[PDB]
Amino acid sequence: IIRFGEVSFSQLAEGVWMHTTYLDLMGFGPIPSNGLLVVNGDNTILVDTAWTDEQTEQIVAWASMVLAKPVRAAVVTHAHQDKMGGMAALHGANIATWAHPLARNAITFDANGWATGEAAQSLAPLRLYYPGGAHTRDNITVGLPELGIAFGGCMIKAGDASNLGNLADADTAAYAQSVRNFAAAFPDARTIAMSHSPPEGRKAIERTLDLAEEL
């Protein structure tokens, strides 16, 4: 509900802000894209850039000169092939950047799906989780279990049959396992933030899993 230039900031819990920037598409209206600012001590961890370089620079300005909690680290969870101007702001601000390769720092995951190594240490208290199984190429997801917050990719909206046909024609079982793993990784999270959509409760999870076994 707090506006700072093109960026819109929303508090999900004490010490956790969601940031939302919009992309105008001819004939589709403005399209949200979400991220997190995660306060840790006197610094923040940024989860995802905005659409553009200048939008991302604004978030970095906001953390440093409104929150007095400057960004000391960033993690990518849902990159965009052309809209990667946001990487330049972080590279110019000497903000250490993490992303799952398969960003100068690679996040590796263990066979349980949890991030390991320096990456897990540097981004705590965020818990980075990779939900996919063999042959998958999912985006990573992140959670704050103690606050009941999980952050993942776009799920089926209530009442919207728009993406149902794509779901039936894809690897429904693989998609379903990914959603099941994510659900079980953050089993107590009742706020499910989304990459390009506002948060929902766990009804969103259950709704997607019903569809996968119904088609």
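Each form is matched to the other, and the largest set of C-alpha atoms that superpose within 1.5 Å is called the rigid core. Numbering follows the first chain given and starts at 1. What changes on going to the form deposited in another entry:
- When both forms sit on the same rigid core, the CA shifts between these two forms reach 2 angstroms or more only at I156 out of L67, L147, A185, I156.
- Remark: with the core as the superposition reference, the CA shift of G27 between these two forms reaches 2 Å or more.
- In the core-superposed comparison between these two forms, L167 has its Cα shifted by at least 2 Å.
- With a cut-off of 2 Å and the rigid core superposed, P125 has a Cα displacement that falls short of the cut-off between these two forms.
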Second form
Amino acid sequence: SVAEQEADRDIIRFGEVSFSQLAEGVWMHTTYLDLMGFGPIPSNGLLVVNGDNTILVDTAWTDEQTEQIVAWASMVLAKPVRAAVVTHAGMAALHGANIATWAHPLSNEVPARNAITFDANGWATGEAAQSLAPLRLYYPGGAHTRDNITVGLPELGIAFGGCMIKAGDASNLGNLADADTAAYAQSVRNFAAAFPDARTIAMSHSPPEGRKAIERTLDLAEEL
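Can you switch from the form deposited in one PDB entry and show the form deposited in another entry instead?
Keep in mind that what follows is only the chain, not its partners or any molecules around it.
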């Protein structure tokens, strides 16, 4: 249940969206999907303050939920979303709101409008790096998908692993139908080394925890 899943934490509710604060100016948005009736599954992303605007990491499950995140930033925070980045292939809602959207260039080969320039070490450069700061964008290699990316806030000790990172007590890596199974373990090692000091690890389908999420994900990936 949603109530059981949120009993741990201090959650602010806005429509169907659950907001929780990871750090000053760093919001996690959580929404739920129960499509076949099997139980609500969370999807998490971030809303990060920069000056008088916010930067969005990932959409919610639905257009209507994504519209609520945009409205919370504009109406409540009074810091409208000006840019968004998705970590894997809701988008229509962002474009309806004239939000500049960013993705890995090969993801979804509705696309994001802007393709991130990644250097050969996996770090974003150019307009993506300027526009999404203070987020640091990192491409670790193929894992859950070929083109999955990650983001970090090194000054606040937060790293977001998207769909690549699973919970510290996970027993499997979920759906590997699109996965690069041979590369997965090294990509997790690359992520861990890109954000080596962060003690708050956030991810797409489990609540935030510590670096045990990286350790367990790596162990599972090494068995593929």
